[PDB]
Amino acid sequence: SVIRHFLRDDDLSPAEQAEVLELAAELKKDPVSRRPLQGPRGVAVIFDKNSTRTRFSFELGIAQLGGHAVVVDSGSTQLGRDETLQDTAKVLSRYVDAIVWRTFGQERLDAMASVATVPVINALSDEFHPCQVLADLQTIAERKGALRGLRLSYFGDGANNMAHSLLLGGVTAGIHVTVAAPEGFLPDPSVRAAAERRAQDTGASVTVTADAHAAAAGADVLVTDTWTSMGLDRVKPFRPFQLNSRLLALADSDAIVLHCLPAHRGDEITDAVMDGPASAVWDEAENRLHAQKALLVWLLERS
Amino acid sequence: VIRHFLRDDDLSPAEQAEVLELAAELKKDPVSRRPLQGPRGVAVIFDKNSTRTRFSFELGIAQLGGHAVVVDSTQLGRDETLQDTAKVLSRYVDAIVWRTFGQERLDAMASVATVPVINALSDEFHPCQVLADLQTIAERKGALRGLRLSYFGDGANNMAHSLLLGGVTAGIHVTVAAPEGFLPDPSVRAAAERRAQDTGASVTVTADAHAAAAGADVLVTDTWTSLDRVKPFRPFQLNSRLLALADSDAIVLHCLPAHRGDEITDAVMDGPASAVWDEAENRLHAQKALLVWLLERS
Amino acid sequence: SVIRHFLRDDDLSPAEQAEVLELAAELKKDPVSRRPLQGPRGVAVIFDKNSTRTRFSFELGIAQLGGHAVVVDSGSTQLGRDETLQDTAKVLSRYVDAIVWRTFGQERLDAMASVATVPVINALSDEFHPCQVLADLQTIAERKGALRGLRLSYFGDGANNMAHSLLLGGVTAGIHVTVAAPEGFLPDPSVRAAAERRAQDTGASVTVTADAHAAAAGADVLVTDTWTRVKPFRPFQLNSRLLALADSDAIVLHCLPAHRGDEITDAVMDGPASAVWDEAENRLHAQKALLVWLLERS
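Residue numbers (my numbering), protein chains in the order written: chain E, 728 to 1030; chain G, 228 to 525; chain W, 24 to 321.
Because the hints were derived from the structure by calculation, they are not lab data. Check each hint, because a few of them may be wrong.
Using 35 Å as the maximum straight-line C-alpha spacing, the simulated DSBU-like pairs for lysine-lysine come out as follows [claimed, not checked]:
(1) G:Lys458 <-> G:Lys314
(2) G:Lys255 <-> E:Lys871
(3) E:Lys871 <-> W:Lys52
(4) G:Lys255 <-> E:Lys776
(5) E:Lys776 <-> G:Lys314
Estimated spans, in silico, between C-beta atoms of each pair [said to hold, decoys possible]:
(6) G:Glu252 <-> E:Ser980: 53 to 63 Å
(7) G:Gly498 <-> W:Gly172: 23 to 33 Å
(8) W:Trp300 <-> G:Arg261: 33 to 43 Å
(9) E:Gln813 <-> G:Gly498: 27 to 37 Å
Where is the CB? At the ideal position from N, CA and C, for every residue including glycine.
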């Protein structure tokens, strides 16, 4: 068997993504029914930059698969510093059955996956956040049923990891994806091109616009994210793209709202939207647990 | 209907007795209760690290079948509202154990979270330590009601407050001996006096260490702080002279860490009256009992 | 029972070391067949300086014995600062069944072992790396069989923890150990004397030389380690020319991380003589065997 990895959303085909999302629903119903890591077998969970919420979901999910997560956070040097990435992959492959890694550049994830003899999962990177989008898709399916043909609009910084993963993971699910963002913060054209190509296979589509009202019109799902990872109002370009009540009122009447969290209330999203009946952000956060477990189960049995 | 444990008197006298009975049962049979089998998660969050709090809660949770997710010292409230954090945590874990500074943050967390919240240690109270202390006293002396306990040193800190509230809840006559600038918060002292009326207990605050030692069944101290700035406390040192004024079978407690030569001497801490190591062990058993009890009422 | 510790390689007798290494092979074959820590019981894994590869091997090994590792990284209050190491050891002994510690000076390990009522294990220290050498010996045995009478040569910094442990652990196994190192980086004289005395009981021997080529001739095993002060060590590089002077079926060991191009070349590291990846894996099995063995004697 070829060792399978999950570094970006389109690493799964449409049929494979459906398998993972079905497993995510099964594991939400029966969270300790799959024990591929019984022993326990180990899974490495490595953070080049800390993300506490990413750690809750993986550390508990791995335990519920019977395994033991070995968590390495930023306070432990950095992978690649005092020995080669390739040497690190070879040793980790002797201790664990999968490697979950939060890092920056995609080329590091690619290099890890090409040498490691166990599955590598992108927990969060500069370019993609594919585990979050699996959780988003599970949440949408819970609220609306079939994903094919839904219209999803993302608002704010369209150049970030969530914009890229909503494009790739969304069109893989057959969802018509719109990114609404100011012209200096648009999807990477290579990512957009890959999303357009995948969308041809699923009947989906890709739209990029700087007109937030047009992007909201008739949408089934509205998504946003913090505008920056960290005087001058540097986020001024994004404020017209705030997910507020006026924007939500332009979408379909049964539309839902997603936000990967943490939220900066009053910036990219308002209290009224976050706390209103369209919000699915709390189920979405919970589904990180289930969708990541499903991904691990699926990768381990193909690898 | 979700119960929390933020300060000692959050348990009634009857409820405290239930938790302490469970603590003795779990010490005998440490893996006999598995309410967190799965594993289910419990959050263990430190705004400031504590090694003994980490060992006792992390292993206790594991022995209940659970998995502790331990978060060390971005601080809660900085990247998102405490209320948003409380909602996300409630989807991931069955209880939240939190070491933080101000009591108002614990109150805020408990008012929003839909799972039990436990104060692992705060500026104002250390109620899990006092559960361990009460378990230790009971196994050395039997019935708690009517015992005389004196605490010495900094009478304004979390241990003084919790020994007052938790002690009188158990029916113990509690004395705090401290210099006048370091006495119990009057609101806490009043709450302990009111609770003592239900249990036959009493509250005494004094600056006379020798009077407080006389007739005591249990002597307790704690580090004085967390130029001799601690000079005010040195007359309140728990030493052999002070111990010799107490009952001949008195025992000595100290929440740890100890600064030997300051609040307690080597001779007392390593001598036959010391119960400090059993007391430390009982952090594990008493906190396990508390979690079992809160989980079944929530 | 006498509580057994493992702070340096000669804390095991020759017969005891053979028992641990036999157990390591058994546990490599059947990794979850021994569950002395079921419950879970706890094991402390404490780092004064982080070592992620020590963390992986111990944390998963403890889990595979059925236990729960409580892992403490650097950046909490360094042990010894807010209470004595002895007090820390006495409290840890009430929470866990063994203490695994990566620290600096040997006197710190001695301090905890002096009062602990559970086994204390040196995970890695300034003076010794005895768990790595157990893994090394397991690796050598599974490729070459009987250890007595083999020839092992270590190259480079002969004053560091690996040189010391290869001396002590090697002669305990009956191996003729050579340290090839430059002046100013030679073994500590008390360690050298202890290894010479232990070699008398096993038929082993100790050689210390600046002649790297002579040290390679006839060797079954060539070992090196990071040099960190680079100029003195260049003649001791483990390169293809040096390896060719050894036995035709010699194997190469290196406690990771390797600095390729410095103490070892890519050709050696990635060639057919390299046993470094099996060596790293065997930290898991050898440490699990050590824990099983210490627990059942303590």
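Hint consistency between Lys458 of chain G and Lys314 of chain G [alpha-carbon to alpha-carbon, up to 35 Å]: violated (46 Å)
33 to 43 Å as the expected CB spacing between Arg261 of chain G and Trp300 of chain W, which holds or is violated: holds (39 Å)
Beta-carbon spacing of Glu252 of chain G to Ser980 of chain E - inside the hinted bounds 53 to 63 Å or not: Holds: the Cβ-Cβ distance is about 56 Å, inside 53 to 63 Å.
Whether the CB-CB distance between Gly498 of chain G and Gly172 of chain W falls inside 23 to 33 Å: Given about 55 Å between the Cβ atoms, the range is violated.
Hinted pair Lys255 of chain G and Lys871 of chain E, Cα distance within 35 Å: Status violated; Cα separation ~52 Å.
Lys871 of chain E paired with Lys52 of chain W [C-alpha distance capped at 35 Å]: violated (50 Å)
27 to 37 Å as the expected CB spacing between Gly498 of chain G and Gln813 of chain E, which holds or is violated: violated (59 Å)
Straight-line alpha-carbon gap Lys776 of chain E to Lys314 of chain G, limit 35 Å: Within the cut-off at roughly 24 Å; holds.
Given hint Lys776 of chain E paired with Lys255 of chain G - CA-CA distance at most 35 Å: violated (43 Å)
The structure fails hints 1, 2, 3, 4, 7 and 9 (numbered hints given earlier, in ascending order).
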